[PDB]
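Peer 1: What follows is each chain in one-letter form.
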Amino acid sequence: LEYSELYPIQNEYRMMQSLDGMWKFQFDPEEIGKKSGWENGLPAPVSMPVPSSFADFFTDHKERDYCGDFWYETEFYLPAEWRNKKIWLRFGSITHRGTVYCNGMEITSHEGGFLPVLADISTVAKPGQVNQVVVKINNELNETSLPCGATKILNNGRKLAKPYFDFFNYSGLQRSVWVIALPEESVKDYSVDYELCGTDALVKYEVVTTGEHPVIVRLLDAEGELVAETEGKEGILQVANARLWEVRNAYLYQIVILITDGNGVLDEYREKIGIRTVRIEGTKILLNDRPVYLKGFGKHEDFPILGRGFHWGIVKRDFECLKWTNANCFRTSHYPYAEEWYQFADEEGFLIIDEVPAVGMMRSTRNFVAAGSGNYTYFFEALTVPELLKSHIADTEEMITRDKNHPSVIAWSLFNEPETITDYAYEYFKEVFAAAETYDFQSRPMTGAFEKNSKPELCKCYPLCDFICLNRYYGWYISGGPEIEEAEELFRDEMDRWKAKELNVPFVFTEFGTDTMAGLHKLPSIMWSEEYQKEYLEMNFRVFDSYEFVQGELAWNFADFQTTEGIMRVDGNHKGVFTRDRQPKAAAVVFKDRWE
Amino acid sequence: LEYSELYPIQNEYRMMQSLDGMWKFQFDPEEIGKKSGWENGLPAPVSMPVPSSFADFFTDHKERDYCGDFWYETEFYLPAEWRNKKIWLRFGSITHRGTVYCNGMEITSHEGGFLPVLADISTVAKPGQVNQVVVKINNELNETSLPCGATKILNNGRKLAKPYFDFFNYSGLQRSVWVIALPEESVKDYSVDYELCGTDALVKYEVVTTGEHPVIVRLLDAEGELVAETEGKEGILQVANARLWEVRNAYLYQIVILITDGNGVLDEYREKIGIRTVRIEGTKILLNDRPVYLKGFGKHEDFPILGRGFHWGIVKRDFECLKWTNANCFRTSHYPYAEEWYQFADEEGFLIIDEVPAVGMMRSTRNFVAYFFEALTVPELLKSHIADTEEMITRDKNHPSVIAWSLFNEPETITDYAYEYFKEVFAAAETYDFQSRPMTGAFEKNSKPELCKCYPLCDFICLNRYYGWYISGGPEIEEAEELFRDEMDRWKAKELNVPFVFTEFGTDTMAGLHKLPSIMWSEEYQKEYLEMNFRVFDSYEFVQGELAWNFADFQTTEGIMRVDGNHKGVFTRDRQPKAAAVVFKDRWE
Ligand SMILES: O=C(O)[C@H]1CNC[C@@H](O)[C@@H]1O
Ligand SMILES: O=C(O)[C@H]1CNC[C@@H](O)[C@@H]1O
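Sequence order for the protein chains is B and A. Numbering (PDB author numbering) for the first sequence: 2 to 597. Numbering (PDB author numbering) for the second sequence: 2 to 371, 379 to 597.
It should be emphasised that the hints constitute simulated quantities derived from the structure, not laboratory data. Backbone N, C-alpha and C define an ideal beta-carbon position, used for all residues, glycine too. Misleading hints may appear alongside valid ones.
Claimed, not checked - Taking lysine to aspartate or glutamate pairs in the DMTMM-like style, the calculated list, with each CA pair at most 20 Å apart, reads:
(1) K273/A / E76/B
(2) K25/B / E348/A
(3) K593/B / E230/A
(4) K273/B / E224/A
(5) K25/A / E74/B
(6) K25/B / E76/A
(7) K273/A / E74/B
(8) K324/A / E272/B
(9) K273/B / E76/A
(10) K25/A / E232/B
Claimed, not checked - Cβ-Cβ distance ranges computed for the label pairs, FRET-style:
(11) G520/A / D222/B: 31 to 41 Å
(12) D262/B / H62/A: 19 to 29 Å
(13) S110/B / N327/A: 36 to 46 Å
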């Protein structure tokens, strides 16, 4: 990467100033902004909170559902004392793609809506003056970038996003924005990897800087005491009597990376890390050499009004709920979350399966969204797939570079419900997995979540995985309700087929659930009732517990969340175990009791 | 005040750095923190978001309902360049009262949970180093500070807040926290007042600085062009062809206040202001010399999970909803809101009645929960009330949106004791408001026209009435209407020649509860109740505003009369319209 993914810090060498607040915002349905000079200021803006998704503020459909180009603008005073620094705009994300301007000048563009965008404004920044940032953003969906979908043009020319995925197309500036100042020679990246040696541990590391001066690396314990120190851009820190980062029992050291010229220090980067190992051994997931059974949820970045907008309050409530259920794990379904989620998981000892936004790659869904009105003959995969692969690999590189040093991150999920039953899909995913392994200094477990279409007899992609994640809805989409006994039979039949393959890898259920409307009670239960959610879960548990190789269960979903409206979604997806405002349905206690 | 209320800005002379984020937090049930060195760091903290109310994060009752002392801590790196600036911690608020420590040193304490707390850390700050802030906060309720209530001790020593007010006792660090740097000689306060002269306007001003150097004041238009400039700490800016700030049609100038040393500038303060006048003339409320009828709501700072935690997203959605209803006004029931609400109202052309947290001043409700103004604690309560009033007015006076001060909500007013008490509050408010804009308060039904001693203090009279809810509801709604008209006929007979505004009326309404014929609590009854109230309002010429209770469902103390908070919202807590929202939209159009 031609920029650093490192989270920004404030110290003697590095400065940061938040640009969060009310920005100026303007929709550009006619796509006239750039030729009209909007990069120098929006002509008729409204106010827009940052961070937030824009959609749910408005009271009219066309603004909520807006699809196309739209622009953000703000101004900030740059301290004069930042003069002799490399000055960057850092967006937590720009959803889905955008071009950043500063003081009227084009700085950078980015594709991918869920990872940081770094824009080097050093050459146009005006220290000791007010500066301007303008961002052109686009939220259309296509088949050459993630997540996948289509864009429909309505009779009036109005665009409408048509996802191939089951979540609302929230977009905008959904995460915090900073302007930061770095030393001219700085720490750009580092990687740690761990080895356990009895009571001791080794922290292997690499550091990438933007210069040639010597590097010193120190490790401090949770009290700030020096426990190890070495020199060089590559090395090993030896930690006596190491306090390991444990599941639901975190311990964090602080790594301190210094660039020196002998006379003094040029840069200092510090970050909390946790000494822990993760590996797959047969059907076991080993954390610090001991098996762990994953218990938790797929989540979303989703909350009323804010949409995917980041807020520490959502983090705090969600973790309190997670702990109350006795969970130990979540998957970042279906995109990398704001960095703060991982920082907090590190502190709380939660395990994370970190997922790239490779969702929407199922052919039947694509075809369905094309058949709506209307198309049944024209598709061009041969042309788009190579471009999609490039985008997928780029997002993977960005995710892993951003997240690798979190002790919480124990696995990469490289897809959710793609086509996997052709040799072509194998060749596609082989490249993604190869890239992931190359970018991950730890070479930690890699996986993806498979839809039921990936039958054990047909799937060509599970051998790429270190463990296999299954999304299954036996008792919801398949043989629901009065047919639930048949659902259980079908589920056991499938798992018997997996069993007979004797793959000797762990299986984790990454999704299972039922839409459940809080307050819908029925005796006997019906699909959509709270009681049916409980019974469905009990049936699933009986199945899970029948197979030795099943080593985790992440329910879909932690909480009800927003989707595109339609005949199958009653104000979003109601498969939450909690409501959207984070309160438990009856099924939450079922998990609490089982996971205790 | 021995600190500035001015909103922090970043320029050549002034710096600011946000301390928002995850803070360290610890409950102190045994009240031993200050005995045990907690001001130097909390011994066993958990993480707590700031800004937010703490209560709704937790999954256990005792943490949610915690009442007593509790502590916050964070660390921040102070840029070396801030050396020899006056360095302050600025808390948007500390709810309800607290003591601020920095680097282990006690800095200041504050009583009052809804206005800024400024702590001068100049003498203990360590530029170019990590610094520490620790805050001891207390959220108990008493009868000597606002808002009023009691604190109960359960047989195991556990405290429980017992409000005399109908909102949940949210507390903590509910607004953003900044550390800021100011010049040694700085602009501490300023005030503007307006006069309309045909197509022109005068902006009268006063500036208070911390030194003796000359001051220059400039006024820029919305494009940044200079339209007026004058010298002196007191003066008049003459604006040719002034673009007035109008209801639902704002225009904002920027005032620029410079302290000069002859060849250089020592400080610069800038803020957006709007040229507008407000006055009460007979039974009319005049905005820029034209009558305006107030249409809108009482609100709260209240949202799921965050509690009273400030977020611009809540502001944006709420204003979009307000505009969709064709409202023009809200009251900051029952405490000053985060400053950002007023900044936004200024931009959107909304009118605000700014209310100090003088709620819970009732003897009935006090006596039940636990002669209010006859209690020996009263002299102390008065001091607290006046202090909060001074702070509110000093903070908010320069917002064009703020057109009135509400100095109480539902106190006792029917004795001479109450009159003497409020006379002092109103006199103080008048001294603090450079504009002398209208002062009022919201009266409960117990303040009968024959008995109330306090309405004469008010420039206009605000009534909270629940004829058709607490009085003769449901099958008795026709009786309710008669009783309402009887009361209003009694007010009319006084011939006071002042405007009346209804600052509350509403019905608890469960979203989705439908009934034909309607019942109390149904969406249909909310509509019928409102229609009845409108008929009454429209029968009296002197009624010049209606602010419904409430904009949105909001959190209260648990109890047999509150079904997950107060459901008198016209919108749900997540800001979606009940059937009644359309009724307001159509009427207010
Ligand atoms: O249909 C569902 O509820 C789920 C199916 N698997 C993918 C999820 O994104 C989706 O939400
Ligand atoms: O009872 C009610 O609904 C209201 C009565 N007047 C005061 C409000 O705070 C309260 O919420």
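Peer 1: Enumerate the violated hints, using their earlier numbering and listing them in ascending order.
Peer 2: Violated hints (numbers, rising): 3, 4, 5, 6, 8, 10, 11 and 12; every other hint is consistent with the structure.
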